[PDB]
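Student: What follows is the residue order along each chain.
Protein chains: 2
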Amino acid sequence: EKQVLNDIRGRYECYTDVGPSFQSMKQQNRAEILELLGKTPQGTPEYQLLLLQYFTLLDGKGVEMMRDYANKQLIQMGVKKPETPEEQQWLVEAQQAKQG
Amino acid sequence: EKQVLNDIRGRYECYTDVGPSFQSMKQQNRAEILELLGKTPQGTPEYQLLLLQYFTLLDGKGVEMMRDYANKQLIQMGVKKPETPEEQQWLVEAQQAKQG
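One line per chain: the protein sequences are O and P, in this order.
First residue of the first sequence? That's 503 in PDB author numbering, and the numbers climb one at a time after it.
First residue of the second sequence? That's 503 in PDB author numbering, and the numbers climb one at a time after it.
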């Protein structure tokens, strides 16, 4: 925008509703996925959700190793699509496609 | 930093929340992984968590042997990424990739 205030009048695009209180957006997204689990079979879409869960976990010694693994996994799954802080190269060695 | 005090004013990057009390960061990380277990199938990501658990265990005669095994395992899994106190060579004999 420009200057201290400058919002288009095409504002109200979201309607208001109620639901469980969360501390932060990441909190909700984490819970939203756990709900998506269990209500889904041990089929394939389960694994993506499962991975996505690890993806959302916040700092740790345990969580870091798993979060990164889940990321690489999801990018090489092709479904992630790199955020590109470095994940670009994560896709690079993934692009080879059974190249060895 | 420089001198006795020198913090940038880009401080407050973490918001405060409550949760179970732990004696130390390692305590929490340990518990955080145990929670991640059971809530996950006997699939593949179970094993990494399982190993990670051994990884986090503190000194012992029993735990040392297992912790080291889990480390090597995780590094040769490729997911660990060496801390390099010596684990560099742990990856060396791992780099060969079925070389024999």
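If you are wondering where the hints come from, they were derived from the structure by calculation, not from laboratory data.
Please note: incorrect hints may appear among the correct ones.
Which copy is meant is left open, because identical chains are indistinguishable; a pair holds if it fits in one copy or across any two.
[To be verified] When the alpha-carbon atoms are kept at most 16 Å apart in a straight line, the in silico EDC-like pairs for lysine to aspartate or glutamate are as follows: (1) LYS574 / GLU589; (2) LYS574 / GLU585; (3) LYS583 / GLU566; (4) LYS528 / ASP509; (5) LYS583 / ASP570; (6) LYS563 / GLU537; (7) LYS574 / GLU588; (8) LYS528 / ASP561; (9) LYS583 / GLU515.
Student: For each hint given before, does the structure comply? Return the numbers of the non-compliant ones in rising order.
Tutor: 4, 9
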